[PDB]
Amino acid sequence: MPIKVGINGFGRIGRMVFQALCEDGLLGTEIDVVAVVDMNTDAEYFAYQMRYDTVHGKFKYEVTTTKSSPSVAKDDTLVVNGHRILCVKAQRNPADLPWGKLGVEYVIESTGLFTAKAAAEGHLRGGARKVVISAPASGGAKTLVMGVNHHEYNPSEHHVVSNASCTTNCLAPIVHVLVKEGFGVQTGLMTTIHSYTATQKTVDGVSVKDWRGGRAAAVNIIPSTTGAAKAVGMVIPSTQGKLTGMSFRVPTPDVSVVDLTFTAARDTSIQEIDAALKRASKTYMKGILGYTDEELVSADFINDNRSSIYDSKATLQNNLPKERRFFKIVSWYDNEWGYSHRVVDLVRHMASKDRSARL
C-alpha cells in the first residue's frame, strides 16, 4: 500500500523534493505522488524544468507528458517511470484543494505561502491527513529534524509539522552530537556562508522586508539575520536561548557551509570532538551526518544527500592549540539537495508510524 502524496507548489523547492524522492527509487514503489498543485499547469514546462538543472545536472529518469483525458489541449500530466503525476492548479485557500477527492494523504507544503501552522492546516480540511511544511513554521507546528528528534513524531498529536530549514538541518546534527556525547554546549554563535537563493535579486531591486537582500546577489557578500540557530533550541531544548547566528550570502548558486563557534560545557579538546563527530557519522548519525578530511570546496558537495558534512581538516587546522572550551566547527551542506531528501525521509517516517498506529 504505497503512500498517497501530494506536493503543493511545484516551484524550485518542490521539484528537488520530487527529484529526491525519485532518485531514492520511491516513485510508484514506496510513494505514489498523485498530484502537484501550482499556479502553472503546463506539464510540458514542468518536464523541461525537471529534465535540466543548472547546478544538479540532468535528471536521471526520462520525463514525458500526457493528457489526463483526450479532451485537453496541452498535456497536464507528468510521466516518470510509467508513473503519472497530475498537474493541478493552485487555490486561494488550502482547504479548497481536491486532496480528499484525489486520495492524497500526505501533502508537501512548499509554496512558502503557508508556513503558519493554522494556515497549512487548511490542507486537512481539503482532505489531507498530514502536512509537512518544507521550511520553518510559526503557530506551533511540531518541528522535526531527521536524525535529531524525528522519533518525537506523534501520529495522534502531530498532523501539521515542519522539517525546519536547510541550515538548521546542518547545524542541529552537529549540536546533537555534542550534547549527546557529553561535550555539551554553554553558548554558541553560528555563521553560514550561504549561496544566494530565489528570494534574492540579480540587480539592485526593491526588497522591503530585507534591504540588503535586494542588492545584486552574484556580485556581493550580503549579511543577513537568520533563525536557524535559535531553531536548534526547538529540536534540542537544552540549547534554548544559548544559540544564535547570522548568514552571509555569497556569489554561488548552491551549497553553503556552517561556521559554528561555541564553548563546551566541560573541558575537552578539538581532537576529542573530531573523533566524536567522525564516530557518529559511521553510527547513529549515518546518512544524516557525514564528514570529509580531503581538501574539498563547495562544488564537491553538490548533490550530497547528507544534511551536514563535517570538514575535519578545516576544523582541526583552525582551532586554538590545546584549547579546552572555545571551539570552531565547520560543516558543509548542499542546501537544496540535503534538505529535499530530509523532507522525503520525514514523510516516510511519519507514514511508517501512522501505519503502525492502526494495527
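Here the rigid core means the biggest group of C-alpha atoms that line up within 1.5 Å when the two forms are laid on top of each other. Positions refer to the first chain, counted from 1. First, how it differs from the form deposited in another entry.
Show the form deposited in another entry, please, because up to now only the form deposited in one PDB entry has appeared in this conversation.
Only a single chain is listed, so you will not see partners or other molecules.
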C-alpha cells in the first residue's frame, strides 16, 4: 500500500526530500506524492527546479508536466516516472491547504515558515493526519532523529513531529553512540562549519534578527548561534543542558561538518571512540552514521545520504595523544541531502508504525 504524501515548501529540502523520495525508488509504489507546493503553480518551473540542481546535479528521473484538467491555464502537474504530482497553490496559512480532499495523510512541512507546531497543525486542519516539520519545531512537537530516538514515535500521540535540524541529525548520532557505548558525555561544545543556506544573503542585506547572517554569504565566514546541540539534549534526554554549540557559515553552497568537542564521563581514548563510531556505523547506526578513513573534503559528501559521516582521519589526527576524557569528533553531513533522506525515513517509519497501530 502506497502512503499519500504532500510536500509544503518545494525548496532545497522540499525538493531534495522529493529527489530522496525518488532515489530510493519509492515514488508511486511505496509513496504517492500527491501534491507539492511552492509559491507558484507552475509545473514547468517546478520541473526546471527539479531537473537542475547546482549542487546535486541533474535529477535522475525524467520530469514532465501536464494539466489536472484542460480548464487549467498552465501545466499544474508534474509527472515523475509516470507518477503525477499536483502543484497546489502556496498558503500563508497551512490550514488552507486542501489535504483531506487530496487524500494526503502525511505532510512534509518544508517551507521553513511553519516550524511553530501551532502553525504546523494547520495541515491537520486541512485534512492530513501527520505532519513532519523539516526543521526544529517549537511548542512541544515530538522531535525525532532517525537512528537515535525515532522509535519513540507514538502514532496515537505524535501527529505533528519535527525531524530536527540537519545539524542535530549529524550531531545526535555521534552523541548517541558516545552515550550508548558508555563513553558518556559530561559536557560538549560543537561547532558546525556550515555551508550557506537559502536564508543567507548574496551581498550585505537586511537581516534584522541576525546581523551577521545578513552579510555576503559567499565571501565571509559568518558566525551564528545554533540550537542543534541544545536540541540533541531533547533527542538524547541524558545530554540535556550538557551540549551547546555554534555555526560558522562558510562560502560553500552545500555540505557541512560537525566539530564536536566533548568530555567523556569516564576514561577512554580517541581510538576507542573511533572504533565505536565505526562499529556503530556498520551496525545499529547503519545508514544514519557512516564514516570515512579517506582524505575527503566537503564536495566528497555531496549526495551522501547518511546524516553523519564520521571523519576518522580528521578525528584520529587532531586529538590529544594519550588523552582520556577531552575529545574532538569530526563528522560530515550533506546538510541538504542527508537530512532530506532522513525526512523520508521518518515519514516511512511513521507510516509503518501508523499501520501497526491501526491493524
